[PDB]
Amino acid sequence: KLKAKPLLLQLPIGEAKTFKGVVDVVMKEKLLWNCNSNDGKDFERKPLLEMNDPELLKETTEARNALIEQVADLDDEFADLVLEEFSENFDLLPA
Amino acid sequence: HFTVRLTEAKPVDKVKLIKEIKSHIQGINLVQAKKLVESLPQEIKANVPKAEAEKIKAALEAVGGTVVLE
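Chains as they are written, first to last, in the numbering used here: chain A, 1 to 95; chain B, 1 to 70.
If you're looking for bench data, these hints aren't it; they were derived computationally from the structure. Any given hint could be a false lead.
Unchecked claim - The calculated BS3-like cross-link candidates involving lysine-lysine, where the alpha carbons are at most 25 Å apart (straight line), are: (1) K14(B) <-> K45(B); (2) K3(A) <-> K35(B); (3) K5(A) <-> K10(B); (4) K10(B) <-> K57(B); (5) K55(B) <-> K1(A); (6) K55(B) <-> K10(B); (7) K20(A) <-> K41(A); (8) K16(B) <-> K5(A); (9) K22(B) <-> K10(B); (10) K41(A) <-> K17(A); (11) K3(A) <-> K10(B); (12) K14(B) <-> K57(B); (13) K19(B) <-> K55(B); (14) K57(B) <-> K19(B); (15) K57(B) <-> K35(B).
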């Protein structure tokens, strides 16, 4: 009902009072917040818990594939680059 | 009904062909479309009506594609 195609870039951990962190799509990392003020003065970067959570890994890679598909269908030059170099990789490049 | 065939893909229209294929098939993915476009000669659609075949061939040739009908 807004009539605009969105590009999801982040996946929350929880919804109802359990949203304690986010998972980035372009960077394949998780950001956590455990404090009251400034939530640790920074965000804690432990990328996908070092290849340990299969569900998180699968969701993150599926989100990355969806984002890549969206951006490639939208832009033509990026579509050309995906066509030319990173087709079967599905993991083009970090950032 | 008619059948459509993509004969050759132009080196400079490689970028524009894939988007048209994606918008025309409506059921294919990006890498599958790329394999379709790199595996010429290869069929695109079959048992397509005449008007739809004309529209898709016109849209495919306006972006730099070699299209034939059988």
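- Query: Out of the numbered hints, which ones does the structure contradict?
  - Reply: 2, 3, 5 and 11
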